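Q: Chain residues, written in single-letter form:
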Amino acid sequence: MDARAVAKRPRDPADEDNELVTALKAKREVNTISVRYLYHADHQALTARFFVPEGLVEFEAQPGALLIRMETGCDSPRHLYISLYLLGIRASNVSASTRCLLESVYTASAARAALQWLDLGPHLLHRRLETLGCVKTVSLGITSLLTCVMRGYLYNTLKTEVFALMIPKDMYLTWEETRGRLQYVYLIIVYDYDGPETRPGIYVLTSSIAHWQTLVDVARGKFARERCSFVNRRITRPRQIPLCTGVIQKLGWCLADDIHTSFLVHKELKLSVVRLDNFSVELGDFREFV
Amino acid sequence: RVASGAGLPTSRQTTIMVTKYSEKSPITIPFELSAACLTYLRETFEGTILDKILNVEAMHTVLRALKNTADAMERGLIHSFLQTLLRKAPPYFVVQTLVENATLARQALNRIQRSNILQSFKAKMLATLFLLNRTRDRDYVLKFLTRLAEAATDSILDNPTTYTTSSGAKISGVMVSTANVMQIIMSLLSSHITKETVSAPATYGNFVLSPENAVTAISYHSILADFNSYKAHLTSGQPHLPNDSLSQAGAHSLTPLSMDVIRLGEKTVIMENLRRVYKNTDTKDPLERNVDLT
Amino acid sequence: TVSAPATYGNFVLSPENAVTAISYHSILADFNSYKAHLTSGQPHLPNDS
Amino acid sequence: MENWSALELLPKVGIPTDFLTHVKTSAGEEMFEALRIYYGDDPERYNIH
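Residue numbers (the entry's author numbering), protein chains in the order written: chain W, 1 to 290; chain I, 99 to 392; chain K, 295 to 343; chain L, 1 to 49.
Just chain W, with the same shape it has in the complex:
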C-alpha cells in the first residue's frame, strides 16, 4: 500500500474490457461471436425463470403480473405458479361481474385444478401461498416460460421501457386522502368467519406508512367487523381453533405520481386495473395480526 494506491479512485466497470475480450486480445484470436458488449451486464435487478403450463398463462402474457406460488398438497406437481387474477376468483372482495368475466377467462383444466386444490384442504389460504415477485417476459408454448424479478425495477433488455405493476380494481385499497410522496404497497388477506366456511378477502394496499405497529392499528380500525367475527366464532364454536384475522405482507415501493388507472385486454375482453408505473419489488414475509 502507498499514497498513490490510496489516492487512486476505483476503476470504472464500463471502461475495463470484459473477460472474453481480455482473452481474445491476449491470444489475438478472432471469434464469430460478438463479444464487445455483454447484455444484462448492468442489470441490478434479480430475476428467476419459472415454467408454467399453458392453461395457467392468461392475463400474464402482458408484463407486470404478480406471481404467487401455491401448494398442491401432492407430490406430483408439488407447487404451481398462479397470478393474483386467479386468486380474484376465490376472493370475496371481487364483484360479481368481474368474477364472471375472469372465471370465463380461466376455463382450463390447470386453473380449475388450482382452484380445487386451494379450496380442498383445511388450512387457511395464506399458509398455502408464497409470493415470488413480478413477471416481465413470456415465451408461449404447451409449457410456457416466465421470468420474474424478485428484487428491482421492471424493464426490458436495454432498459428502454420500464414496466408497471397491475392490480385488479376490486383489490386496490387506499386509506389516505392526500398521498405521501413515497408509497409502500402491501398484500392483505383477511378472513371473515361466517357460519359455514371462511370467506377470504384479498387486497393490495398502497400506503405511506412504513412502521408496523401504526399500520396494523390502521388495519384493525378498517377491519373491525372481521375481528368481531373472529371473536364470535371463538365463542360460539369451540374445538375450532382459528388463528389470525388477517395477514399483511410487504412487497414493493413506488412514488405516488406513478399511480394510474388502466384496462387490460385479453381475447377481446377488458379488465380494469390500477397501474403502478415505476414499481420496484421488495418482498417481505407474511406477518399476522389480530
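Honestly, the hints are just simulated from the structure, not real lab data.
The beta-carbon is built from N, C-alpha and C at its ideal position, and this holds for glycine as well.
Treat each hint with caution, since some may be false.
Beyond 12 Å from chain I on every Cβ pair, some chain K residues (computed) [stated by the list, open to error]: (1) 299; (2) 301; (3) 304.
Heads up, simulated DSS-like pairs for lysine-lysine below, C-alpha to C-alpha not over 25 Å straight-line [unchecked claim]: (4) W/27 with I/150; (5) I/118 with L/12; (6) L/24 with I/186; (7) W/159 with I/122; (8) W/169 with W/222; (9) W/25 with I/165; (10) I/241 with I/220; (11) I/118 with L/24; (12) W/27 with I/165; (13) I/165 with I/382; (14) W/25 with I/150; (15) L/24 with L/12.
Model the placement of chains I, K and L on the given structure of chain W, informed by the hints.
A: The following block gives chains I, K and L in isolation, referenced to the frame of chain W:
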C-alpha cells in the same frame, strides 16, 4: 386465355395477387465459467510460476469455451435449417398424386375430383411406405428418385454462377438422408454417381439499409428494399427491374469444395449425409424418425 | 408604396415523395434535407418546406 | 391489410412462375396466406392519395 367459339361462355381476363411472409426461429446455447477461473484470469499473486500457470489455465479455459460455443452455433444453424425444410416438405404420395392430377381441375376441386385425389393418396401411401425394404431393383429406385426430383417446383430466384462444377453444367438440388441409406443408394446406383468439385459461396451475403430506408423506418415503421432503384425506374417509365433485392445481396466470392452428385434425367443433384453434425451431441438427427401404423 | 411578391409559389413533389406516396400513402416534404441532416448528425433544418 | 395497388403500380421483377397445379386451383384450395383476385380492369390503382 383462349378464344372460345360460338355459344360458349367467354373467359374474362383475371389477375391474381399473393404475398408471402417470413418466419423467425432463433437459436441459443449457454456456456459457463467458474469464479475460480475469473479470479485467476485477471490477477497476479507475486507473479510466481504457479500463478503464471493458473493464469494460462484460465485463459485457455475461456478460449476453449468460446471455440466450443462457436462450433455449437454452426451446428445449431444447420439443425434449424434442416428442421424448417422437413416442416415444409410433404411426403411422396402427396406430391406424386398432385403431379398426376395437375391438369384435372382449373378451379376449386369438385366432390368427385377430391374423391379421386383421396383414392390416389391411399393407394400411393400403401404402395411406397418402406421403399428400400420391399425392393432393391436398380431401375425402380432410379425412377423413384427421378420422380422425387421432378415433383418439386422451381425457386423464384436463381443465381447461375453459384453451385456449379468444372463440368459446369449446373446443379439443381440437394438430396439428404442418413449415412446408411446413402451408402445403400450409392452402392446400388454407382453407375450414376460421380465425384465432383463444386463452386459455392465462401461467405454470407450482406444486406444493408439505405439512408432512405432509415428515414422511412423512423417515420412509417417500414422499409422498401432497393428504394433508389424503385424511384429511378418509376420516374423513368421502365416497368421492370433487372434484379431482386435479396438476390443482389448475395456474396461475390466463391470457393471450391468436393462432394458427390447423381444424374437424374438431365438433372444433377447433390447427395449428403449429416452424420458429422450429430456425431457425439445430445440432439437426435431429425432425419431418423419413428412411424406409427394401426 | 410597398413591395409585394410578384408571383405565386410553386410546391412540387420529389421522386422519393412519389415512392412514399404510392407505398405508404404519406409524404414527408423536403425528404432529402431530412435524409442528409439525419445521416450527417446535425439536428436543425434551415427552414420549413 | 396489404395494399395491392402499391404492388400494381411499382416496378416488378420478371419471373418464370411455377405452380405445380393450376393457379386458380392452388388459390381456391387456399395455398397462399393472403390473396386478392379481380376480373376485368379494377380502377383502384389509379386513385393515388
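Q: Check each numbered hint against the structure and report the violated ones by number, ascending.
A: Violated hints: none at all, because every hint is consistent with the structure.
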